[PDB]
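Below you will find one chain, with nothing else, as structure tokens; this is the form deposited without the partner chain, and questions on how it binds or moves follow later.
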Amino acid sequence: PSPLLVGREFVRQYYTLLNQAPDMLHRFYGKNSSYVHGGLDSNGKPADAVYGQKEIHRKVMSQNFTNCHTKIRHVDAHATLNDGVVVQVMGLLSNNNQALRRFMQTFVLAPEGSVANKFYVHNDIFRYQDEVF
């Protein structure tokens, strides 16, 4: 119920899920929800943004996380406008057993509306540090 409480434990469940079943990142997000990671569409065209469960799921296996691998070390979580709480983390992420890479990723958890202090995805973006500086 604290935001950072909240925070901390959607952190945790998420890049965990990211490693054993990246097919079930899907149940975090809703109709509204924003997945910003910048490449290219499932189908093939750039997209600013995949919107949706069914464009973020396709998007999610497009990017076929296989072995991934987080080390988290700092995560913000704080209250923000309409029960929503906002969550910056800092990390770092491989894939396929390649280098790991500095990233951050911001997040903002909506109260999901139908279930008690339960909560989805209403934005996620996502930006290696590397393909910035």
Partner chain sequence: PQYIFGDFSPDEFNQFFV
The other form holds:
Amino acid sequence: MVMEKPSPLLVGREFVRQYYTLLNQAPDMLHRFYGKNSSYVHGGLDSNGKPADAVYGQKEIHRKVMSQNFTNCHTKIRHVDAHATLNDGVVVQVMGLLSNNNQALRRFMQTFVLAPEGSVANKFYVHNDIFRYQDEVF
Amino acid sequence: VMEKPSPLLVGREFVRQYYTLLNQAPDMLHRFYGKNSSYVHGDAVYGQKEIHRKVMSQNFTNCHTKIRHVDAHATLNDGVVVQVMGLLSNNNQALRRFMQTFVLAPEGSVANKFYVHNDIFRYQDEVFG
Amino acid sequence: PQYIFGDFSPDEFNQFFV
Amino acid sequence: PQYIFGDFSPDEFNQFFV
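Please supply the corresponding structure for the form solved in complex with the partner chain (the preceding block corresponds to the form deposited without the partner chain).
Below is the whole assembly, all chains and molecules, this chain first.
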């Protein structure tokens, strides 16, 4: 009954659909993916012309998501690649289009790291979430 | 809490070394990787010998990089995950916007020393067609 | 939905992810 | 480089990284 480690690509494509399903349906609940040492960034520019910084931990991630204005978010996933990494982790690379409150779709580049939770089988958490729009950066 | 290195400083140091070498000697790129490293430049190849061949088949000539942003964070088991957003021009063809994802794992012995456990590259133009 | 990705009770999962 | 990456001798290091 001893198993193989789960397929990285399948793990990655099912997480990415859950992630973007929740962002549209109840983004007050995105915080549930994240742990104590989880990094999060979702685009943004500062006072200078310069990309905005990461926040750390559940409660900081939650208020950060809340302060963004996720209303009837629409997503198109153009690219998903996933590979085993350290400690039976999965690294996921995503490129797509995102629109908030039915404004224009903007192109994006994202990287996730999923860590085993270790409790049940097939149970993961998001250790890292790096999301950047292409316009704010290029 | 062991005075872990700064992930950003580790990130920016690896990124200068990588693109410096990609330009100056792409032959030597395989020296970043271990036996269980995965590599994609748009099916994955694993380990130094297979990665070296993949490198060579992509003729890296007078290869010019423009990095626009770099994000590095600490990940599982003392790793650093790095997303790069840049432009690449190979043999003075038109600069093409790319995304690259790196995972950097500690060698376990030597201090301040890392190898590349994951390398994923993708041109954005191939994806938004 | 073969994989679980955060802290969710059973219904929360079958509200959002089935 | 206070930080080493991959498998290089100090001689190769000087030629490329400094």
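Residue numbers count along the first chain shown, from 1. The term rigid core refers to the most C-alpha atoms you can superpose between the two forms while keeping them within 1.5 Å.
Compared between these two forms on the core, the listed residues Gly91, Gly38, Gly84, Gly30 keep their C-alpha shifts below 2 Å, save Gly38. Once the cores line up, the CA of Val108 ends up less than 2 angstroms apart between these two forms. Shown in the overlay between these two forms, fitted on the rigid core, is a CA shift at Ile72 smaller than 2 Å.
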